[PDB]
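S.K.: The residues making up each chain are set out below.
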Amino acid sequence: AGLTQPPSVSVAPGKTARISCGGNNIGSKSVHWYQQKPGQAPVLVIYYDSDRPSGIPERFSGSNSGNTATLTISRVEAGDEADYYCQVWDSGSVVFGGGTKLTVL
Amino acid sequence: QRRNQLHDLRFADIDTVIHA
Amino acid sequence: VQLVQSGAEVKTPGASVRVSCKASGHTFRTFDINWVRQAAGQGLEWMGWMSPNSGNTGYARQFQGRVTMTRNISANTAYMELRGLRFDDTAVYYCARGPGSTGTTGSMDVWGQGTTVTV
Amino acid sequence: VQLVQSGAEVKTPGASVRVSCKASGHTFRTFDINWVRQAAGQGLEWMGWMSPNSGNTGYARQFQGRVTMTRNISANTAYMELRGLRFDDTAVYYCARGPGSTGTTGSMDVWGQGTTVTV
Amino acid sequence: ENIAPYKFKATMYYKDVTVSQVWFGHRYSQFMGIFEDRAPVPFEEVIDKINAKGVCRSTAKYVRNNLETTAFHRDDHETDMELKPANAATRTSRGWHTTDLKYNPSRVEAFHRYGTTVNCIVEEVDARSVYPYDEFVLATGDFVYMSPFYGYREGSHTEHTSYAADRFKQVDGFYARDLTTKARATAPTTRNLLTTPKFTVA
Amino acid sequence: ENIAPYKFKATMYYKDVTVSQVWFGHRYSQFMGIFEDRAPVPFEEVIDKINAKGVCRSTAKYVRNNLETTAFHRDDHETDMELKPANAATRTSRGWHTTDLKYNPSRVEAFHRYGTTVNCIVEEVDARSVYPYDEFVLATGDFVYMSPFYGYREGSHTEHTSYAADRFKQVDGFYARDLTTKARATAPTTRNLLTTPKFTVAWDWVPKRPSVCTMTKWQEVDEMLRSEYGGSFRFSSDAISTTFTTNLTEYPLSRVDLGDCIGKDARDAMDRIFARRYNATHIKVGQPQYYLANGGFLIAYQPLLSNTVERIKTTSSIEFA
Numbered sequence: 002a003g004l005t006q007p008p009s010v011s012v013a014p015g016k017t018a019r020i021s022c023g024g025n026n027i028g029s030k031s032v033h034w035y036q037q038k039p040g041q042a043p044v045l046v047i048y049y050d051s052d053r054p055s056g057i058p059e060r061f062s063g064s065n066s067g068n069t070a071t072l073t074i075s076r077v078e079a080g081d082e083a084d085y086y087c088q089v090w091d092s093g094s095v096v097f098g099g100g101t102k103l104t105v106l
Numbered sequence: 706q707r708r709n710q711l712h713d714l715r716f717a718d719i720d721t722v723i724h725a
Numbered sequence: 007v008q009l010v011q012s013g014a015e016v017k018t019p020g021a022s023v024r025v026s027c028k029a030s031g032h033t034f035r036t037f038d039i040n041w042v043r044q045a046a047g048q049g050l051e052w053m054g055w056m057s058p059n060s061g062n063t064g065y066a067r068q069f070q071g072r073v074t075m076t077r078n079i080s081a082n083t084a085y086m087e088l089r090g091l092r093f094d095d096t097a098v099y100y101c102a103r104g105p106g107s108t109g110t111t112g113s114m115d116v117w118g119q120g121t122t123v124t125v
Numbered sequence: 007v008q009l010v011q012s013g014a015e016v017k018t019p020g021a022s023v024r025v026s027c028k029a030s031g032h033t034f035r036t037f038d039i040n041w042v043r044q045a046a047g048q049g050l051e052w053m054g055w056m057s058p059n060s061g062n063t064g065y066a067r068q069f070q071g072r073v074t075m076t077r078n079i080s081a082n083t084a085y086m087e088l089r090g091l092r093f094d095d096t097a098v099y100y101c102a103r104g105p106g107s108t109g110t111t112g113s114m115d116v117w118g119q120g121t122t123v124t125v
Numbered sequence: 152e153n154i155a156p157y158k159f160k161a162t163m164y165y166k167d168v169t170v171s172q173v174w175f176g177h178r179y180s181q182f183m184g185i186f187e188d189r190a191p192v193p194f195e196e197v198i199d200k201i202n203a204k205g206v207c208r209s210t211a212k213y214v215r216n217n218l219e220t221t222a223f224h225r226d227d228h229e230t231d232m233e234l235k236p237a238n239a240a241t242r243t244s245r246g247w248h249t250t251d252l253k254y255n256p257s258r259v260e261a262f263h264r265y266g267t268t269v270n271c272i273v274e275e276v277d278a279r280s281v282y283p284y285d286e287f288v289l290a291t292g293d294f295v296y297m298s299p300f301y302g303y304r305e306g307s308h309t310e311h312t313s314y315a316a317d318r319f320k321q322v323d324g325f326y327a328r329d330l331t332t333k334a335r336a337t338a339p340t341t342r343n344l345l346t347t348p349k350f351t352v353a
Numbered sequence: 152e153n154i155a156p157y158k159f160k161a162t163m164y165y166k167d168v169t170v171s172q173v174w175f176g177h178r179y180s181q182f183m184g185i186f187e188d189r190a191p192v193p194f195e196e197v198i199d200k201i202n203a204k205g206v207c208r209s210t211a212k213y214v215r216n217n218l219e220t221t222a223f224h225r226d227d228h229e230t231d232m233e234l235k236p237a238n239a240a241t242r243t244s245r246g247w248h249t250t251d252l253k254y255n256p257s258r259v260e261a262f263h264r265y266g267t268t269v270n271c272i273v274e275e276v277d278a279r280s281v282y283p284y285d286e287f288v289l290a291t292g293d294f295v296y297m298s299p300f301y302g303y304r305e306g307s308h309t310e311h312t313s314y315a316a317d318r319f320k321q322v323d324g325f326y327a328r329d330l331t332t333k334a335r336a337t338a339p340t341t342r343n344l345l346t347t348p349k350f351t352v353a354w355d356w357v358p359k360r361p362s363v364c365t366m367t368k369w370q371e372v373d374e375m376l377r378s379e380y381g382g383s384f385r386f387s388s389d390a391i392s393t394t395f396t397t398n399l400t401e402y403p404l405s406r407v408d409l410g411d412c413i414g415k416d417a418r419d420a421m422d423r424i425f426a427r428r429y430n431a432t433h434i435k436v437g438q439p440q441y442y443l444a445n446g447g448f449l450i451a452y453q454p455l456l457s458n459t492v493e494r495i496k497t498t499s500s501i502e503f504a
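So the protein sequences, as listed, match chains G, A, F, D, B and C.
The opening position of the first sequence corresponds to residue 2 in the entry's author numbering, with each subsequent residue numbered one higher.
The opening position of the second sequence corresponds to residue 706 in the entry's author numbering, with each subsequent residue numbered one higher.
The opening position of the third sequence corresponds to residue 7 in the entry's author numbering, with each subsequent residue numbered one higher.
The opening position of the fourth sequence corresponds to residue 7 in the entry's author numbering, with each subsequent residue numbered one higher.
The opening position of the fifth sequence corresponds to residue 152 in the entry's author numbering, with each subsequent residue numbered one higher.
FYI, the numbering for the sixth sequence is 152 to 459, 492 to 504, going by the entry's author numbering.
Don't take every hint at face value.
[To be verified] Covered stretches of chain G, going by a simulated chain F footprint (3 or more residues, C-beta under 8 Å):
1) 12–19
2) 65–75
3) 80–93
4) 97–104
It should be emphasised that the hints constitute simulated quantities derived from the structure, not laboratory data.
In this text, a Cβ means the ideal position worked out from N, Cα and C, and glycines have one as well.
Generate the whole structure from the sequences, applying the supplied hints.
M.R.: This is the structure in structure tokens:
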């Protein structure tokens, strides 16, 4: 299948950011959230829908339910301008989201 | 044996009786 | 474990490319190898997965018949071969440890530097 | 265990009586309490049984609706209440340890002194 | 220091219920299944039947896998069966049983037939408990998860117990009946009866 | 000599499958049979369901007596079920299960009816192994016929195994999920998973050599006087009132099977003692020396001066000293 993501999200530095990832029955799958800065290999920031890797600040959080997964970035810093990708495994592949470009104003 | 015989007291409910 | 890939590749249309990704620090037989490509400024595009212990592979629908994944256990290296390149295959390619034999829910925690392939 | 009952009771028709039986020596919760009455010169007439541990009671068919058995665990006392007395209720009343919750074949091994109730 | 466990005498009451399914062939019979179960003897049967008359019911009514199972010996009506002593073995405690033979269905050609047998067993066992005496074992290797000193008397109700209050009954003025000599002791005793899911201890 | 078995914590995953046949009479109901079986949880379900989402499947699909069998809980469609903690019992390790009530068929007069129940059980157990560490047994009394240190890395493939290569799986970068707190560990670990015909075991893999010790440190002696007499060494300690007799030749530590442990432990203990008591009064003389004493004792000795392949068997008695 496919995962749908908003093409662009812009949030004020003091506010918090919501990134959505839609799909049919996405709540039964483990959604992973990757962050990619320009000209770099993607870095995992959320795995198994609620958990953070070692060395990841508490600002990142995730949820997954029904037909929607959500990534929450509290206290959006200037260093968080990147492209965010949601990933699951359907059938025998790992469908990747279209990516969301987070712009810090 | 002491651990094995606690299995039914741990992973099941003895007292309940279901009737319909 | 650390993953290191080869250098840049420059090829003509219709040729074949082999990209090598070598692991370091582990036996490399305890996890899987995912090959995923990214075009210039576009999103991530999964290509396939391989289990280096058994050699079992799995490819995407849009890459079936053009991608071959193999391994050298003695050197702990995984090779990916693209056959019949075209103009749209100019991209940066990455090897990662992710889903596959070890589970369909694995995460791509470790990545390689990526190889630039230009057609 | 020893059973001790209250004093003599003199009452008018239509009133109610409460006779108390206190046990000494045990927790009083290990055995049942039987109330049985005897008229002047007549045979024994079982009245009921009460289980002090759970409070479950059982009455005779001819005493249903007029007899209530209760207990005070703190004092190890059992009370029996007769409601709506008449002239034929004048009798000596006894508390005993016998059948009931502990078994339907028990024997009335220990008895009380008995209270004379006159209407 | 004291390392020897505290030892006491206990009595186990249980009914062995065996139901067999047999296929009768042209010239042979085959056991296609034998279900063997152990069931507790209820308090209403330990006191009213085994201790008062020395007999036991020929039916087993118990709870297994959250269902009230009822089994009849020889698939017949309920009847009282006398408890007779078990066959002697060396270095063995006393024991009593009612039935001696397993019941199997009568032969009918080319059918699967079911047959039930119930054997009411009374046994005398030795029970051992170790510090801090919150549970004790039996000679048969079955644990009982309740303190040997549990009761309702003189602050013995604070001891450990892992069973519902419905399963424990402490009866005073109990007059024990010897199942061999048929003679009843005169001194009253305080008797604890616990109904485990597979047997009854006293 | 070291007699205590090597201990490590492991996890058991298995589904208890119970099929009951019931006959419904006129006024009573009776069990005609209860088939109870234990089935392994597949590696796919251990990694993808139990560890990733904390749930377990409602169906048990396994090979028993050379047959691919499937059982459905409540004889209904397959669903995922939460793993909830088991009832607390004294001196019992943690445990989790999905169901608690047995499913029995609905009553229909004069019929034999079948009913299936599946209970997905996860347990933490303590597993013990003894020399030469080619087998280990769980707390439930079930043996596993494979070395605790078996794997695919660091020459662990040479360890003993009795199961087909399809029954074992070593997963790296495994992030363990706590089933009570629902909090996932961050440090990756190597996880060995074996699917026995009765259950599935999983445990953390560690290298063999630095994990086990064939000799155990027994005594630390501050003042053990050494004397040379009659072509032998006498080691006498007044703190414990004990004397050992050794030959004049050293005992090579390489001859001890699995003897990477003695050197480190002896160095730690002797350095601690020297720092505590003899720092300001004496000085060390050479590296520690190792001797073998009658009874089968291993003495590590560091001489001091004032500023002015086989396994050793140790007797159970110290009275001769």
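S.K.: Next step is simple, just say for each hint if it's right about the structure.
M.R.: Consistency of the hints with the structure:
As drawn, the region 12–19 of chain G meets chain F at 0 residues by the rule of a beta-carbon pair under 8 Å; below three, the given contact is violated. Note: the region 65–75 of chain G has 0 residues with beta-carbon separation from chain F under 8 Å; the three-residue rule is not met and the coverage is violated. Coverage of the region 80–93 of chain G by chain F holds. Counting CB-CB distances below 8 Å, 5 residues qualify, and the rule asks for three or more. Check on the region 97–104 of chain G: 4 of its residues sit with their Cβ under 8 Å from a Cβ of chain F, so the three-residue criterion for coverage holds.
Going through the hint list in order, the structure does not satisfy hints 1, 2.
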